[PDB]
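Here we start with a single chain on its own, the form deposited in one PDB entry, put down as structure tokens.
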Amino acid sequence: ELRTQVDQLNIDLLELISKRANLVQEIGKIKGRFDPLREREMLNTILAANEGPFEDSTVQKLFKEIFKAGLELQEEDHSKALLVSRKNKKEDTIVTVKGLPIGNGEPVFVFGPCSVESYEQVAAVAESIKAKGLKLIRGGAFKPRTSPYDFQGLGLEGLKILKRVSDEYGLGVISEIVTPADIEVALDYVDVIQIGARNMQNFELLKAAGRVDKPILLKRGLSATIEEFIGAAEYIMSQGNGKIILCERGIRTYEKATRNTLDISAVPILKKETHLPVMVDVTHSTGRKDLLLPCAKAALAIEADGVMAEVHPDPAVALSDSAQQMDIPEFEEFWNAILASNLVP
């Protein structure tokens, strides 16, 4: 009887909360952000006025939540509908690379050596890729290594090699860039800039990639949560570049039977939450040659936008992932199985 009226005190709060929120954004316009001093000044006034029944600490918590809500109204704050989210843009993003519309429903395959070692080595792989009618190649010029004494990659010379081979065999180049200063130079040699797992939270590198007009392949961090992975993509897109391809490549767990644990569920999670295409790297996730094909099949069936695997003409002598890379005859058998699976329309 009396608690029917407490129902209208709710309509009064909504009106009050909404009106206040509008005024605060007006103050933002008249001026031009975080202001802890103003927040404390507001809290002092509110708490001084508290006559109960709530204790000061409870009142402070409630108002903080109200203030926090206001931040999302800011033009530049997309916390409530991330630019990379379907909440922001419902339609799938198509990232076109060498005429291939990545994300359009037809899966793409990216093969290539772990590390660029020589012109002849990359050419041998490009020849086998072209022979299958494929159009992309991946190759590491800059290699993130656990130890500084392991092969770091050929650097710029590796990118030059990749460009030479690609220009001749008609392939698009995907290669990793490891520091902000190298992004500008990379534009003349690659078709897609890869940001590696270990750099997924190298924020200045993400921002740098967000300021150029070039597709970015962002690999999930070794132990990144889906939220963090989406957040990293937002760093790129918030600078202007929306041409982002996400890549699942396994996460770190207690399991020793595999190098990492392929998190296949990330594909449908990311395709639901974001509008960005999602690929799966079957080589670096499992770290096992005998699992490349089964994992590739799982990836395609779960509707990944693409699959990446490593191929090297003589894996025995490779400067990285010697036991994981497929040789040319193995690559032929792998591809014949993919062709026979009917998983690619």
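Each form is matched to the other, and the largest set of C-alpha atoms that superpose within 1.5 Å is called the rigid core. Only residues modelled in both forms are compared. Residue numbers count along the first chain shown, from 1. First, how it differs from the form deposited in another entry.
- With the core superposed, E55 shows a C-alpha displacement of at least 2 Å between these two forms.
- Shown in the overlay between these two forms, fitted on the rigid core, is a CA shift at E15 of 2 Å or greater.
- Remark: with the core as the superposition reference, the CA shift of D290 between these two forms stays below 2 Å.
- At a threshold of 2 Å in C-alpha displacement, with the core superposed and only residues shared by both forms counted, the segments of at least 3 consecutive residues that shift between these two forms are, in sequence order, 1 to 25, 39 to 71, 78 to 80.
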Given for the second form:
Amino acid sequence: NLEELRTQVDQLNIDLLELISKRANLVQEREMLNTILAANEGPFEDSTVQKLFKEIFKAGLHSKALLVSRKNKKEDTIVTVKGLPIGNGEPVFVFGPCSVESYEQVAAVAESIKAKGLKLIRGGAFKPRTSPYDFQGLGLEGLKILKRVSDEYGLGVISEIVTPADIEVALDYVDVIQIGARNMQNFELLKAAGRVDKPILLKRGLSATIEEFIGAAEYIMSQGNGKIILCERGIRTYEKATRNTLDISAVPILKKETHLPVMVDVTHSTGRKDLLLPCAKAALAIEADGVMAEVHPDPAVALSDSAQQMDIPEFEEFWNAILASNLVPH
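If the structure you just shared is the form deposited in one PDB entry, then what does the corresponding form deposited in another entry look like?
Below: the lone chain, stripped of partners and molecules.
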């Protein structure tokens, strides 16, 4: 009577549905587990019985959603910079040197960005370096150079700010404040950025989890500033063929969990000039809101990322390949 045994199992399956549903209604903390385990006469072990009931209690399950989550705001956040609506559906491109070395250097790149009809430029005035003996950046002087270039060539400036006291100072010179990977968990810097009315480009930490990245964005938004652009720039792994491992999957995860725009930095992730174009194409196809890459008039003598930055002729070929890819409406 194997069919009769199965019949009874089926009947018990229905009985459990009834008991669970009847109970679920009425129930609408570890006191129950103690009593349940006291009545356990087998065949399961207490740990298993406990695990089953916890799952049943969990089933029984507001406005405690993070400000950066789609659960809080379903509509996409659009951050407009120098007329460009970052996050609207049309990708933006941010090119420029790794470090601001001189007015002439930055102007040369700006001229090449302007000629392509582009509107944004990046440049580091403050450079976080592994060693204190490497070029630390020009500081405030570099921001003044960027402002001059912005005024002359009509480009919106994105530049990294490294300490809370410099946030206020930066407001007069930049269009977007960048918080670098090494400072993604510099919480006081995040809070300072959250207290000003200026867009923030928040880079993912060297080894930050998605949850930590989201938390960091929340530090900023909880202070009042919701103009946050998230930037994937690779994560630290064992792989030596690349400087970092571009985590392309972060884009759709962030686009689904948050309402913030998401960019991809293809230079700092791969650390390889031969991977910029392929990685940019992947970023565009996966629907990133923008791509960032470094360009320098004479990379061989650059004070940072000498091998990773495209020179002007290389930037031209890269751009021409982007236009020919049909991945962009430009």
